[PDB]
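K.L.:
Okay, here's what each chain looks like letter by letter:
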Amino acid sequence: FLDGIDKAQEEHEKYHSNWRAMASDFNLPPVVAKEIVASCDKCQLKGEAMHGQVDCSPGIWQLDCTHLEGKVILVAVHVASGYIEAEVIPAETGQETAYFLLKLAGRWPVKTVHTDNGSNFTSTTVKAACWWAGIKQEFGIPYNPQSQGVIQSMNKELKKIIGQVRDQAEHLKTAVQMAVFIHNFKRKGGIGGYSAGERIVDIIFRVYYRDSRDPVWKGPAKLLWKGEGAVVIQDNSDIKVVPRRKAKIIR
Amino acid sequence: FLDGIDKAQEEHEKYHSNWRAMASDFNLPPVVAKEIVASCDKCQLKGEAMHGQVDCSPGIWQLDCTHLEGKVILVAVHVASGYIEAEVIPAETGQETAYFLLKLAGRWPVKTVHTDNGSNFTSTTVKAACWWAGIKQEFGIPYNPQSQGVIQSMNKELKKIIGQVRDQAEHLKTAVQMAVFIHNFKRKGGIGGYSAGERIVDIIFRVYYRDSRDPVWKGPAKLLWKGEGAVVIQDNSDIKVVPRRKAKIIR
Amino acid sequence: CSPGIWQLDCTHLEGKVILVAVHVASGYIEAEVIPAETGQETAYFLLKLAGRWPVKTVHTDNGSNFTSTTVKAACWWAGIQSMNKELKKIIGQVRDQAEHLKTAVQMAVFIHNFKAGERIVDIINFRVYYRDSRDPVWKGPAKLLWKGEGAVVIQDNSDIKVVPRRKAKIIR
Amino acid sequence: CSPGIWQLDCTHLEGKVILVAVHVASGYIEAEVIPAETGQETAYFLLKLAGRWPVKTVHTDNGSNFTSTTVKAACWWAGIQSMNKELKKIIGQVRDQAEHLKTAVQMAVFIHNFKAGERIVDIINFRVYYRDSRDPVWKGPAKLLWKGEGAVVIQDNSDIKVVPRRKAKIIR
DNA sequence: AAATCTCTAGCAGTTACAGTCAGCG
DNA sequence: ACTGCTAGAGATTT
DNA sequence: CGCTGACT
DNA sequence: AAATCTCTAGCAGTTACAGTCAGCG
DNA sequence: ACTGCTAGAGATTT
DNA sequence: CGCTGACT
Ligand SMILES: [Mg+2]
Ligand SMILES: [Mg+2]
Ligand SMILES: [Zn+2]
Ligand SMILES: [Zn+2]
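Residue numbers (PDB author numbering), protein chains in the order written: chain A, 1 to 204, 223 to 269; chain C, 1 to 204, 223 to 269; chain B, 56 to 134, 151 to 186, 196 to 204, 222 to 269; chain D, 56 to 134, 151 to 186, 196 to 204, 222 to 269.
Watch out, some of these pointers could steer you wrong.
Below 27 Å or equal to it, Euclidean Cα-Cα: the simulated BS3-like pairs (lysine-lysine) are [as the list claims (entries may be wrong)]: (1) D/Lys127 <-> C/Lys111; (2) A/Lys42 <-> C/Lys173; (3) B/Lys258 <-> A/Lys244; (4) C/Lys156 <-> A/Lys42; (5) C/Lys46 <-> A/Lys71; (6) B/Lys236 <-> A/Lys111; (7) C/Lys244 <-> A/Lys159; (8) B/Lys127 <-> B/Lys160; (9) C/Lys244 <-> D/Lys258; (10) C/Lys42 <-> A/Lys71; (11) C/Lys46 <-> A/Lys160; (12) B/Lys173 <-> A/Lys136; (13) B/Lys186 <-> A/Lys127; (14) A/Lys14 <-> C/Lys159; (15) D/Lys236 <-> C/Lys156; (16) B/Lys71 <-> A/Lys111; (17) A/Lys7 <-> D/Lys111; (18) A/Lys264 <-> B/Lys71; (19) C/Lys34 <-> A/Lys160; (20) D/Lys186 <-> C/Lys136; (21) A/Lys160 <-> C/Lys42; (22) A/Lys160 <-> C/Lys236; (23) C/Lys173 <-> C/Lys42; (24) C/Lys266 <-> C/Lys244; (25) D/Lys173 <-> C/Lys173; (26) C/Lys160 <-> A/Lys42; (27) C/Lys14 <-> A/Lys71; (28) C/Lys71 <-> D/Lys236.
Note that these hints are calculated values from the structure, not bench results.
Kindly generate the complete structure, drawing on both the sequences and the hints.
P.N.:
Listed below in structure tokens is the structure:
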């Protein structure tokens, strides 16, 4: 093509220059510069720089645990209304969770549950429970907590409220349900200045990626599917999902 | 005033409601509602939600260390040009740093240094050095790394470049200075598409707060001074600085 | 009839206590296994219902687990036979479907309530809030022109829009 | 004369090696204590200067620490007497001001260079970039109308502005 | 005052331990 | 074959 | 010389 | 194509260990 | 008495 | 019964 290209590829393969550097230095255009950059493997680390949007449907209920004063709280949430069904778990295991989902189905219309791939929520007991109750068990990415993001924020506010009213109890579970009362009925804002009971009642290629807490971005893999927020891929019959923030596509 | 106010203060002092709740529920205006909220101590946690702007003057030079492969790197930076003077430290102590600042004064015009309150940079050796060289030693907040933010980002890119060219060496310090070459002369962008040598040569009340990694926000204290980004305060002759993101003022 | 009316009761199935609240004006039932007769788990229960539904009044008797001053304090802070036997018979039905009793208790409460939920919904044109692609800001009141399945037909001030149900909320 | 010209040399003060590069066309000197005569610390030194200044050419002799192929490889990747005695005399002066020799070496380099810096600046109207309050975006080319002390007088397309020097950069 | 932008902490499984040195006894 | 968010605090315009 | 606390 | 918004990871002193359970031997 | 930032990657308008 | 790995 032009010997500037060859020396640009030697230059690049010694220094890994960016596209502006090779382009302006060796008097080249930006396109072929970005093709030399994009032809490289090592330089392709950073991802797409964009969050998604969690599914906000009436029949969805987020679910996750947290930790406080040595105790393990479980928290159920409605995506739309910000409502809470929180309680203390005496010791986290799957059976107690299944009993809790039975408790949440007997009070609130549940259709499907969106939580993480934690130990409990994959057990068979939970599966039999949501099976009996006509509830669809959905999961998300393991190492992308923001996929559950809604519930995570609730923990903050829940803990925040426990900062205010822990001196009004001799036990934890009491103050927990007190915080639930405050957040669901006594605090207002958001939609139109409603508390969560008012809202909840009103409603009712070459693709590089990383995972596994491994900052070593992965080699080329075969894109299977593109949606809005995550994608599905194949690296030697390794069918897997990746969120777009943690991935890059080479057309 | 109005008995709605008294029951609003009982309500608040039992549930710590927000201003919209008391306001709409007990049929009150938002101002006195926010005065009941602002009259409270516990509810006043969150801060001001705003970053500042680091001083970007020619005579400033950021300075900080980092860690890699068991070794402790030291990094000097120019705020304006993005230029680097990086090297390996064989074992971090203050004397070696003072020798490094002497090395950086004998090559580059230094006027003042902006780094953190780490062990080294407070020793007397550094003070004698910048004393001899006419360099002013400035410090920042302890637990606000973003005050040095510039240099922190450099470490990322520096480490990023070491991801690309670590296979071109039998030793670390070599690849370090190689990365320095790449970033300062061979990469371009930012201002007008310059590399850092081109730029560097072209140039040449009641106030609640927290610190100490302590999420317990502090009781009322007497504001001494207000600037743009941080403030100075007094809690029983405890004269101290706080950044505004970690503080709240009650007029 | 008033919405904030709850009738309380308890039974002793399998020699184990079960404590039940009933929304009178809808017959809506929540029953939970209480381990022990006392004001502690009682006030725990009314504290749950307090933050699970808008209680204003509980109708109950002179039992010792109810006259306990812990009840009066937690409630100060907070501000039918044929149903007992209904849930008794349903528990009899689904007892062999689940080993633990508490399980089948909540299964009977589930059966009665859904197999009264929409009744309490009935006790208490439309406005729509929505999000576009790559703009997590929630958007203004949108005049609902049609509610579909998987998509919805809205109108803002200048744009009749399609939005999938995964990015919408419909509130009066 | 060319800017990318560096003359190399070494001396042995206190029985310790010192390696010095000199910008010929400005006489600008950087001298560093090398622990041992070899191509390793040498190529380390030219690798530093390579990323500290835009080298194109080094003029040097047939010493073994220079003909070492490590020099040729690191340099392939990379692409006066009266000064030696000048720094020798200055080192003689400030030797008693600092215990370690390397210290006083860099003190002499400091003395010579600043007490040649602005010479290399001289080897290689104005445009101004600025930031307002609570808007970390960097702003467009602003026509410098006056450079002050602690503040500067700029002009954008419609607003002659004051900006403190702590929020400005002035580049040709 | 009354609305309407604009923006950030902390939530995410979680910390007791290392490394230095000015200052006080 | 899936997806970041929430509640305050402060400017700023009606 | 300890060693403390203070920040990293 | 050539510019000009718009937005996010990781940098910040740093991790090897706990807690469960579906699945495979 | 002091203050978050940088470099890419992707839409989008000239 | 181990125990592995996998996610939290
Ligand atoms: Mg979780
Ligand atoms: Mg630091
Ligand atoms: Zn490259
Ligand atoms: Zn309060």
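K.L.:
So, for every hint listed, does it hold in this structure?
P.N.:
Taking the hints in turn, this is what the structure says about them:
1. Under the criterion of a C-alpha separation no larger than 27 Å, the hint pairing D/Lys127 with C/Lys111 is inconsistent with the structure, at around 37 Å.
2. Of the pairs offered as hints, the one joining A/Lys42 and C/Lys173 holds, with about 21 Å between alpha carbons and a cut-off of 27 Å not exceeded.
3. For a cut-off of 27 Å, the pair hint linking B/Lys258 to A/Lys244 stands: about 24 Å separates their Cα positions.
4. Annotation: proposed proximity of C/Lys156 to A/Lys42 holds, straight-line Cα distance about 16 Å (limit 27 Å).
5. At most 27 Å may separate the alpha-carbon atoms for a hinted pair to count; C/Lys46 and A/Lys71 meet this at roughly 26 Å.
6. About 26 Å separates the Cα atoms of B/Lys236 and A/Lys111, which keeps this hinted pair within 27 Å; it holds.
7. Restraint check: the Cα-Cα separation between C/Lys244 and A/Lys159 comes to about 31 Å, which exceeds 27 Å; the hinted pair is violated.
8. With a C-alpha separation of about 33 Å, the suggested pair B/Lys127 and B/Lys160 falls outside the 27 Å cut-off, and the hint is violated.
9. At most 27 Å may separate the alpha-carbon atoms for a hinted pair to count; C/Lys244 and D/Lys258 meet this at roughly 24 Å.
10. Restraint check: the Cα-Cα separation between C/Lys42 and A/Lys71 comes to about 24 Å, which is no more than 27 Å; the hinted pair holds.
11. Restraint check: the Cα-Cα separation between C/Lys46 and A/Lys160 comes to about 10 Å, which is no more than 27 Å; the hinted pair holds.
12. A hinted pair counts as satisfied when its Cα atoms are at most 27 Å apart, and B/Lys173 with A/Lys136 qualifies at roughly 23 Å.
13. Between B/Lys186 and A/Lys127 the alpha-carbon distance is near 20 Å, which keeps this suggested pair within the 27 Å criterion.
14. Under the criterion of a C-alpha separation no larger than 27 Å, the hint pairing A/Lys14 with C/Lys159 is consistent with the structure, at around 17 Å.
15. Taking the CA atoms of D/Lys236 and C/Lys156, the gap is about 25 Å. The hint holds against a cut of 27 Å.
16. Distance restraint check for B/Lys71 and A/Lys111: the Cα-Cα separation of roughly 31 Å exceeds the 27 Å cut-off, and the hinted pair is therefore not satisfied.
17. Proximity of A/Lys7 to D/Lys111 is assessed by CA-CA distance (about 17 Å); at most 27 Å being required, the pair is judged to hold.
18. Straight-line distance between C-alpha atoms of A/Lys264 and B/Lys71 comes to about 53 Å, which puts the hinted pair past the 27 Å bound.
19. Distance hint between C/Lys34 and A/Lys160 is fulfilled; the C-alpha atoms sit about 19 Å from each other, no more than 27 Å.
20. Simply put, D/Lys186 and C/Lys136 have alpha-carbon atoms about 18 Å apart, close enough for the 27 Å limit, and the pair holds.
21. For the suggested pair A/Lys160 and C/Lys42, the alpha carbons sit about 10 Å apart, so the restraint of at most 27 Å is met.
22. A C-alpha spacing of about 15 Å is found between A/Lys160 and C/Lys236, which places the hinted pair at or below 27 Å, so the restraint holds.
23. For a cut-off of 27 Å, the pair hint linking C/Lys173 to C/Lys42 is broken: about 52 Å separates their Cα positions.
24. This hinted pair checks out: C/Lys266 and C/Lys244 have alpha carbons roughly 12 Å apart, not beyond 27 Å.
25. Restraint check for D/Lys173 and C/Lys173: the C-alpha separation of about 19 Å stays at or below 27 Å, so the hint holds.
26. Between C/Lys160 and A/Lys42 the alpha-carbon distance is near 10 Å, which keeps this suggested pair within the 27 Å criterion.
27. Taking the CA atoms of C/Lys14 and A/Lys71, the gap is near 25 Å; set against the 27 Å cutoff, the hint holds.
28. Of the supplied pair hints, the one linking C/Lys71 and D/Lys236 is violated, its CA atoms being roughly 39 Å apart against a limit of 27 Å.
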